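Take a look at this one chain, the form deposited in one PDB entry, written out in C-alpha cells.
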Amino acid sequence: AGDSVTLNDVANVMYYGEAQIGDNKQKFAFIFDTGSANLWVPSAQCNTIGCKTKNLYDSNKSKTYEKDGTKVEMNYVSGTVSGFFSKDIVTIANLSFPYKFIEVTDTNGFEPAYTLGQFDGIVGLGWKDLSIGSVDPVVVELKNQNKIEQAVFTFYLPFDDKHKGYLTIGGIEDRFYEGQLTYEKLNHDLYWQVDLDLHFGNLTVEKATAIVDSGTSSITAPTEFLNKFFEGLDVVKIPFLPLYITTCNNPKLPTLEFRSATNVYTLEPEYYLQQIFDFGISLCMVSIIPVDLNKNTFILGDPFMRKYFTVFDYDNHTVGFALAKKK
C-alpha cells in the first residue's frame, strides 16, 4: 500500500521533506530521524538569529491547536534546542493526526548547524522511550487511529540532489527494492538498534549493537576501533578534525561486513566514500568517523542506507533490509 513523503538530498549529507502542521496546513521542511523521537518546528515565538530564516509555526492561526506550555531542552549530540510543548494536528504524507510537538523558541544552542540548514525542524522516527515526554512515535499514533494498514515505515535514499528519495508510511512498496527482505529483531526498543558481529576487513567485534539512523550523514564506530582500523591503509586524517581522506581506488579498502544469525550485510567502499577531486587521479573522503556510545555501538547512517532499503517495523520490533533499486 504505502504513503510517501519525497525527500530532497543535499550534498548526500542530509535529507529533508515537507510536512504540515495545524488545520490551516502551515508548511515545513523536516529531517526524518530514525535516531531521535520528538517532533519540533520553529515557533512564531522564536526570536533567535537561526529562526529568522525559517518557516515559523503560528499556534494562533490554527484553529485546532491546543495549549500545553511545558518547557523543554532537547539535547542531541549535534546541539540543543529549547521550547515548550504544544498539541496540534500534524499532517505527514497527506495522512492527518493530532500530535504533541515542540514550539522551539531558543535555537542558539544548535546553530550554525541550523542557520545553515534548509530544513525548519525535525521529525523523530524512533521508539517511544527515546522520546522526551513519553510521546508515541508518529507512525504508531497513525496506526492507533486506523489511518494506516500496518504501523511500518520505509526509507529509500538516493545519490544526489535532483535524484529523489522516499519515506513511505504504512506499506512496504516493491518499487524500492530487489531480492527479498532480511530482518533483524531489535535488542531494545530505543533506537532501531539491532544486533551484529561486525567485520571490518582485519578486525571484527563480537555482537555489536548497530543503530540504523536516517539522521546521520555518516557511518560511526567507537574511537578505539577506528584508530585500530585506519592504520596501514594510507588514509590521512586532516588534523584536529573528524576528517579522513584517501585516494578513491586505494585498493587496501576493505568491504565492510555486517553478519548476524539469519544474514550477511556488506558495504563496498564505493559506498562509504565521497568524491572530492577527480582529475585523472580521484581523491575521496572516507565516510566513517569516531563516536563513542554505550556498548560497542556503531551507527550505520546514510552511507549504509544508500545501499540498503530499510523497513522499520513497530509491529514486530524488526528492521528489514534489501538491496535498494538503482532505478
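In this text, rigid core is short for the largest set of C-alphas that superpose within 1.5 Å between two forms. Residue numbers count along the first chain shown, from 1. First, how it differs from the form deposited in another entry.
- Looking at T182, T115, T204, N227 after a core superposition between the two forms, you find that only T115 has a C-alpha shift of 2 Å or more.
- In the core-superposed comparison between the two forms, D161 has its Cα shifted by at least 2 Å.
- Relative to the superposed rigid core, the position of the CA of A93 differs between the two forms by less than 2 Å.
- A movement of the C-alpha atom of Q150 falling short of 2 angstroms is seen between the two forms when the two forms are aligned on their rigid core.
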The other form holds:
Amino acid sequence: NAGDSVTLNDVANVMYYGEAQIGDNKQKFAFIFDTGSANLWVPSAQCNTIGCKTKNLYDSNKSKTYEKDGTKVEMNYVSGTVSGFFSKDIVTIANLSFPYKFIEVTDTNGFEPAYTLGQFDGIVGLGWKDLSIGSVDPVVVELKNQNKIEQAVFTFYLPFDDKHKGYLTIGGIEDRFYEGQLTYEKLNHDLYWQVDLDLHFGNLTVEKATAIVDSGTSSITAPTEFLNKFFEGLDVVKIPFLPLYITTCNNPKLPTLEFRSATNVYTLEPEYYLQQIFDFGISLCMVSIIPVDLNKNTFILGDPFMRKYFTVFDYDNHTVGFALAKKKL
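Form deposited in one PDB entry already given; the form deposited in another entry follows:
A lone chain is what you will see next.
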C-alpha cells in the first residue's frame, strides 16, 4: 500500500495542476488530471492555433523513443471539443516511466475559451476505458498492468486553499491525507466514476440523482432548472452572460449541502463552496455551484466537494471512497 504522488499546484481554488513528462529527454508539461475522460493528451509541436501559441508543445522529433501512429482522433467533453492524433512514447508520472499511447492535439478550437484562460498544457484522463478497438487502458490501469504499482487505485487530496499543495497519489492509499475511516460507495455505470445519491440542497430534493465525482471540474454542478430553484431566496446574483454567482461571504441563508448514499451521508458547508472574490467595504464571495445540463438528474462533485473529502478511486473494486481530508499535513 506504498503510494506515489504528483504534487498539485493550486491556482485560486479553481484549477489544480501537476507536472508530468513525455519522451526519453523528458519534456515537461502541466496537466489537469481529469477523472472524467480516458486519454492522456498534449498539445503537439504542430498545433498552429492561437491557444497553442502559449503552451508547452510536445516535440516528437526530439524523442528517441517516439513511435509514430498517426491515427486521427477527436474526443469531446463538457469543456468541450478537441482533435489531433495518436502517438506512442514513454510517459513519466510521479516517478514512474512507462510506454503509453497518447494523443498529440493539433486542434483545440472547441476547447476555447477554457484552454486559453487556463495554465495547463494538456490533460491526464483518470477515467474508464472505452470498449473500442484499441482504446488505451487509462494510465493507472496500465501502470498496474506493467506491474509498476500493486493496486489500480488513485487518490486526491486538495488543500483548503492557496498556500499549500495538493496531491494525486497513485497506487496506494496513504493515512497522512485523512482522519477516520474511508467510506466506500458502489458505482452504477463504468463510463466514469458515477455514484447514486439523494440530494437535499436547502429546500430541494432529488431521489436517485447520479453524481460524477470529477477532479477537473472546479465546481459543484447541477441541472439548470434545479439550480434555478436552488438559488431563489438565497440572495445570490448571477452576473449576466457569465457563469458567475456572487453573494456576501457571511450570507446566513446559504445551506449545508447533503448527499445521501445507500448507507452514508456527506455534507458540504458554505465555506467549501465559497471563494472570497472582493474585499473593499465588504467580503464578497463567488459560489462554486454552476448549471451544466448533462443527462437526466446528473450532478458533478468537483473541487469544492473534494476540498472537504479526500477521495479514493479504485478501478479494482469499482468504488469511490471518502473521508475527511486532514486540515494540515
